[PDB]
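Peer 1: Single-letter residue listing:
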Amino acid sequence: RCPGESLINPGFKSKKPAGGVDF
Amino acid sequence: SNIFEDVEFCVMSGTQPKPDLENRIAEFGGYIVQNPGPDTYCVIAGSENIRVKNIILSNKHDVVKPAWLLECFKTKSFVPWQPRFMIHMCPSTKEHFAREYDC
Amino acid sequence: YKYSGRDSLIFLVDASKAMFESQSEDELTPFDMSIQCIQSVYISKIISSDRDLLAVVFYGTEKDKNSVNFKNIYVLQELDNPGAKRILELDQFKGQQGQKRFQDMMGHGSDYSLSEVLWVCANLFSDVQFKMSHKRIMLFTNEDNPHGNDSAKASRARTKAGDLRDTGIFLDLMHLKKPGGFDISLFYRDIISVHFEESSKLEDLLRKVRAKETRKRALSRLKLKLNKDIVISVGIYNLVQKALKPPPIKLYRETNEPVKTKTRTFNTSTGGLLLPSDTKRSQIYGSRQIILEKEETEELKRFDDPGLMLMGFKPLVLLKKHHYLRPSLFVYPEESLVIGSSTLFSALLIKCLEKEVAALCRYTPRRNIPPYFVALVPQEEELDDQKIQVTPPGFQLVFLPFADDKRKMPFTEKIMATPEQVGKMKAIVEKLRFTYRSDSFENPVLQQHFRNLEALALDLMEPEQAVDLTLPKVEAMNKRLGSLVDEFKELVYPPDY
DNA sequence: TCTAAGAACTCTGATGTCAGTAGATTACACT
DNA sequence: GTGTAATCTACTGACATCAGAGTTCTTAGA
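Chains as they are written, first to last, in PDB author numbering: chain S, 179 to 201; chain X, 656 to 670, 673 to 760; chain A, 30 to 222, 231 to 534.
Source of the hints: derived by calculation from the structure; they are not laboratory data.
C-beta: ideal position from N, C-alpha, C; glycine also.
Some hints here could point you the wrong way.
[Said to hold, decoys possible] Within a straight-line C-alpha distance of at most 25 Å, the following computed DSS-like cross-link-like pairs (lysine-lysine) qualify: (1) A:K92 with A:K123; (2) S:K191 with A:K123; (3) A:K92 with S:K194.
[To be verified] In silico contact screen, one side only, chain S against chain A (beta carbon under 7 Å); selected entries: (4) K194; (5) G197; (6) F201.
All chains, full assembly: derive it from the sequences and hints.
Peer 2: Below is the structure:
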């Protein structure tokens, strides 16, 4: 179902935006 | 025409009809090449592309206004080239170019 | 869905002047918005899934291209695997000059009909031969009443889109900031599966996100021989596996054509194109030469057949986390063989977690591979994030070194720090506390590589040069930490460096 | 006064793997 | 014999992987 599944690339889990160190 | 035979050209761009540029050249028999080797006379381009920038960066070759291969069509313009290698084995090309280039 | 089915996706834009040339601002443009979307999901799909299919279609244009049901529709692109020349076809229509480039060709604002537009796209998906796992249409129109002024026009669309949904093609939507309002509850309420500015979904199509995405597939299947007789089939799956820049394809300079590397072996003395049977394999030891055949350099290194033999059980504390061999792989049951063996595996999983225990196994992934030794650590799922399964339940294969692997490391002895020297450190460490998450970083090389590759592919102006996230942001490390490097420089060592 | 033996990393090429497709082989069968 | 099943065994795309080969650096170094 919708909540975790990416619209660019369906069935696969949504790629979160990279992050990195920040305090 | 029988003049542009023995003279080899690169029509690296157009846009004037690019595919017709080499066709006009073909009834003048100018020797069409898709990608300029160290053999070629000069390179012809209706506008810049990144490959033309590569040939600004590599001082390689003679780059020519669009019209020179629509005005070659009233002249006979035919003018050269390069590739790359620098070499110091027991260095060899520079001493060959002491026979083969002005210093 | 099943493994092989491609994702397949068709993009279907409203060419109508009232949206196409329209703005309330000057700063965007709905057609320039949709075309940007189509170029940007399409450049995502090129890096990430070259196997999955795209098409793009303009409806309501004035000059037509269709198989049938022709009126006022132009399929710019039929369904195909994605690549550069398709992205160059969309690029031509972008921008202030672009909204005139399109007008010299297909023509703008004419009457249109969704029940014909949905017909056209249907024929498109039909015409292709491949197996499709997800069949999806994307609506780029703002026209919230889609000119259903004739309700007996509109009931055709709604029935036809019933027929789309009935045939298991899906359809999906984005609203595009129509001046003053848009409301799905007027119409589109029954076409999709309270009031909006512009879709919160649409920004996700501008993530430009890059990786390979490779679907769930086994590495191999094996039999967990508990002894001489009892067996269960288990899968072996690759939860963590380092990606590589894709293998480069050698080309002929003068035409860009691919070329065959075509290697042979040739006798140094003579014309013999030596066959694989002509030559053996060998070693040198003790000033003598040892000779073996191309069968037996791989008869040596055999011990066992493909399986997993049980070796007995351990405490999880004695499996010391300092010695680690190669990336851990998952184990999960497979009823494809040994039917009902899932009943045994599940009890084995459940009860190991009570015992605080690992199983030890010997592991061969293939015929003609030596056994390694592997601890099967048991696993338990954190569904607490609204059933986003961060962790699947099963076993981890964690590999164990042998004597040869644990390399000798030089002599050293010291127990040097005082409680003040730890005490100052216990401050700096607690000032530098963040939260790592597994996905919080990206490969600087492999991300840069794709941006270089795009510049070359499209003939862009520039490599995008997007700066990496692995460098420490040293001014923040100066400020958050503060001046406390001086506590080492004063309290811990002399001023000579 | 320095010249190879020993590391180290990346990259390339083959072998084996899995899933899915479809052909040809062979079975089964006629009163 | 003649004809229609059912079903084994292939080939391919794709993915991991050992090995093998190309490449820069330390010690021992005339």
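Peer 1: Give a verdict on every hint.
Peer 2: For each hint, the structure was consulted:
Taking the CA atoms of A:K92 and A:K123, the gap is about 19 Å. The hint holds against a cut of 25 Å. Restraint check for S:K191 and A:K123: not satisfied, since their Cα atoms lie roughly 31 Å apart, outside the 25 Å limit. Restraint check for A:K92 and S:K194: the C-alpha separation of about 42 Å exceeds 25 Å, so the hint is violated. Because the smallest distance between the Cβ of S:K194 and any Cβ of chain A comes to about 6 Å, under 7 Å, the interface hint for this residue holds.
Satisfaction of the interface hint for S:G197 is found here, the shortest Cβ-Cβ separation to chain A being roughly 3 Å, below the 7 Å cut-off. Taking 7 Å as the C-beta contact cut-off toward chain A, the hint placing S:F201 at the interface holds, the least distance being around 5 Å.
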